[PDB]
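Here is how the chains run, residue by residue.
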Amino acid sequence: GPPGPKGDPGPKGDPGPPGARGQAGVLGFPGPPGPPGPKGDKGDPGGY
Amino acid sequence: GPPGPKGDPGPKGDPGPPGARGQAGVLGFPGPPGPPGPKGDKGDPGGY
Amino acid sequence: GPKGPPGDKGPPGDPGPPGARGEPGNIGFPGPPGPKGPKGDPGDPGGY
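Chains as they are written, first to last, in the deposited numbering: chain B, 1 to 48; chain A, 1 to 48; chain C, 1 to 48.
Next up, chain B with everything else stripped away, as it sits in the complex:
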């Protein structure tokens, strides 16, 4: 008998794999300066 017709196109492929993780973020800014030190000791008493 006559051959049957050609089949239909194959199915669409599966989705691709998940993407790679993003790069790590940029390093934070340095902290602020510390406080001033304490005030120095009073100078020597004057002589009499």
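In case anyone wonders, no lab produced these hints; they're calculated from the structure. Virtual Cβ for every residue (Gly too), placed ideally from N, Cα, C. Be aware that a few hints might be false.
Unchecked claim - Where chain C lies over chain A, by a calculated footprint (3+ residues, C-beta under 8 Å):
1) 6-16
2) 25-33
3) 39-48
Got chain B sorted already, so can you dock chains A and C onto it with the hints?
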């Protein structure tokens, strides 16, 4: 005789490509404050 | 009659899902030392 059956569906397509890279990470938090400065200089001496 | 020939290969899949966001950047360095404390007061003059 009668016709043959329609052919089978074609082979499945290729998988897609990998997804896009994820977003870059958030910036680090700032560092902590620095230490205190040293204690100040002793004062100048008193006079007589 | 004989079964027909198969269909052609299907079309390709979609790109995959996006990657995860990157990790945060490192915490920044500790801040610089604060300034030296104020100099001490001068000594007072001696008594009589």
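> For the region 39-48 of chain A, does the count of residues with a C-beta closer than 8 Å to a C-beta of chain C reach 3?
Replying inline: Our answer is that it holds, as 10 residues pass the Cβ test (under 8 Å) against chain C, meeting three.
> Taking a Cβ-Cβ distance under 8 Å as contact, does the region 25-33 of chain A have three or more residues in contact with chain C?
Replying inline: holds (count 9)
> Do three or more residues from the region 6-16 of chain A put their C-beta atoms closer than 8 Å to C-beta atoms of chain C?
Replying inline: holds (count 11)
Hint check: no violations occur; every hint is consistent with the structure.
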